[PDB]
Each structure stands twice: as C-alpha cells, then as structure tokens.
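Quick setup: one chain, the form deposited in one PDB entry, written in structure tokens, and binding and motion questions come after.
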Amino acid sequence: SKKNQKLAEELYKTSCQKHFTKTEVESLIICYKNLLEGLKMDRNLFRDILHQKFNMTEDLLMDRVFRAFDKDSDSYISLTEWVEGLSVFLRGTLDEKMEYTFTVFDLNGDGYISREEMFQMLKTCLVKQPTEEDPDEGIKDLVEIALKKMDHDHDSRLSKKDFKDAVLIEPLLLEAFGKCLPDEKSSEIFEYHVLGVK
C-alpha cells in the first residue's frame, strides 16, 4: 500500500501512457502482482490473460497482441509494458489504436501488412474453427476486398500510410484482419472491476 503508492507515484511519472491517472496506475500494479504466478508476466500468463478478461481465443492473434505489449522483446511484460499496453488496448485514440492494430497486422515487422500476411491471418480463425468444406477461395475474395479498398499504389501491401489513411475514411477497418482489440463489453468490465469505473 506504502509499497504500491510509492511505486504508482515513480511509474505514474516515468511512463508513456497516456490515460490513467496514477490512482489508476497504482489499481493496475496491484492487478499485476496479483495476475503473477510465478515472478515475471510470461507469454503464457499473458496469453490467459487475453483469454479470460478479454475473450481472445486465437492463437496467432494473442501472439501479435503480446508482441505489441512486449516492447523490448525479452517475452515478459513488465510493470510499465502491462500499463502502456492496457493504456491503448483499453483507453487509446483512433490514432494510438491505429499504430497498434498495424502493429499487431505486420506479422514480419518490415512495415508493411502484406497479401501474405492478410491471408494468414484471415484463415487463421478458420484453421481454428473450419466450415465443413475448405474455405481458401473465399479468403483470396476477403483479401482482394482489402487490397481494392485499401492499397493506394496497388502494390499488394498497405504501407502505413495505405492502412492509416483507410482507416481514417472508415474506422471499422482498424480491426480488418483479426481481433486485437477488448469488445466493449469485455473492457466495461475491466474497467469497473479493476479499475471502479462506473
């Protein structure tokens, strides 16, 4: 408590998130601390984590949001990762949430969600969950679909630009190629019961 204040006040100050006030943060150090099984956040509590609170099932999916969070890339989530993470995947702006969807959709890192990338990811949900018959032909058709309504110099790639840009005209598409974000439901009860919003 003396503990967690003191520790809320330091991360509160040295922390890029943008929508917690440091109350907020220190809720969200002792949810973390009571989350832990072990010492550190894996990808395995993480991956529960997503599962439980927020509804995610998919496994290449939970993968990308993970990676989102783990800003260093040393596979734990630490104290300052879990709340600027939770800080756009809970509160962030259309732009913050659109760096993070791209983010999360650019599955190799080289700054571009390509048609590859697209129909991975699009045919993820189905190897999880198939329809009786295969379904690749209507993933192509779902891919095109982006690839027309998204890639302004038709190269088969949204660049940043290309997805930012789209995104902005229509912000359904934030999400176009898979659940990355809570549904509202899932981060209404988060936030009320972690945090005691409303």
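Superpose the two forms; the largest set of C-alphas matching within 1.5 Å is the rigid core. Residue numbers count along the first chain shown, from 1. Compared with the form deposited in another entry:
- Residue shifts between the two forms, rigid core superposed: of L142, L60, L45, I29, the only C-alpha displaced by 2 Å or more belongs to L142.
- Annotation for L11: C-alpha shift under 2 angstroms between the two forms, rigid core superposed.
- In the core-superposed comparison between the two forms, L174 has its Cα shifted by at least 2 Å.
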The other form holds:
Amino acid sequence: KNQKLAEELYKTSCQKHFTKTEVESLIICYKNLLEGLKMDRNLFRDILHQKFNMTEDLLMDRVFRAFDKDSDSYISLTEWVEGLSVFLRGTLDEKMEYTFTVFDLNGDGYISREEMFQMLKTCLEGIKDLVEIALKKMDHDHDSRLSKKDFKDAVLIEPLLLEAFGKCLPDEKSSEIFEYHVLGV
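Pass me the form deposited in another entry as well; I've looked at the form deposited in one PDB entry already.
A single chain, with no partners or molecules, comes next.
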C-alpha cells in the first residue's frame, strides 16, 4: 500500500543513502504533495523554490532534468527517491556526476565557456573571470572546454570551484529542515 511500495522501491532503486523506512517516508511525502497527480515540471519547480530556496528559472529547469532520468517530463517515485539521495546525501562522486549533468547544456560530454558562463551566472564581471579560472586551473588538453574527467578529476584540488558549481544543490539549511520535517533526522 505504502509499505509494499517502500519494499519494491528499496528492492529496485539504485538509491544508496536511505533506509527502507526513509523510503516509505519519501513516498508518503510524494503522495501528500500530489494525491495521485504525476509530479511534473511545475510542481517540481515549486518544491525547489519553496522547500529549497532556488530562484532561477534556468537552474530549476536543469535540476528537473537531472532528476528526470527517463525524460518523460515527470519525476516518478523512483526518480524522486534517486534524485533526493544524491541531492541530500550525495557522495562527492555523485554530486559532481550530477553537477556535470546539470551543467552540460547539450549533453556533448563537455562544459564549454558559453555553458559555463550561463550556468554560473544563474547559480550565482567576475563570472567571466571564474569561467577562465576554472578552464585554466583544470584540464590537460586545454581546448576551451572540460570533459567529464577534466571536471571531476580537477575540482579535487580546487574546492571553492565546487561550491560555485554547487548552487545546483541545496544549501545546508534547506537540507536539514527537509530531512527534519519529512525524514525525522
């Protein structure tokens, strides 16, 4: 019902950070918010806005897209749980994997200057400077763009650039409030 559902999702999801009863709590939550309705871009937009204090149109579309793995324009239960696992309790690897996906605006496998300009602006002229810093202080093949390895493998040795890219993630305050209310931590 809710507990049979929790069972099936704990069994099948590639979510790594939540116990099964925490999963049950996240299903109850999904249903209280929707009530049969499939969670779509609008509703997801409000959750990011009201519960997690994201303001930018472009940012919130990009977050919606990273959660919507299957690209059907709905965050299923599975995608809610999976995305919330990363989004609230993600390891560095997952966060960077997610951030790269948030930032790669055409899915070519690389973050270009133009991409990096647009996404750092909306996340946050020092934005242009930052874009040159990141490119300079990261890659082996300096070709004005950053492969997935260049992003991940570099940020490891300049932390503060992580945090410019990590406005695609909730601040500490939003996460504790959410985790408190919904999960009970």
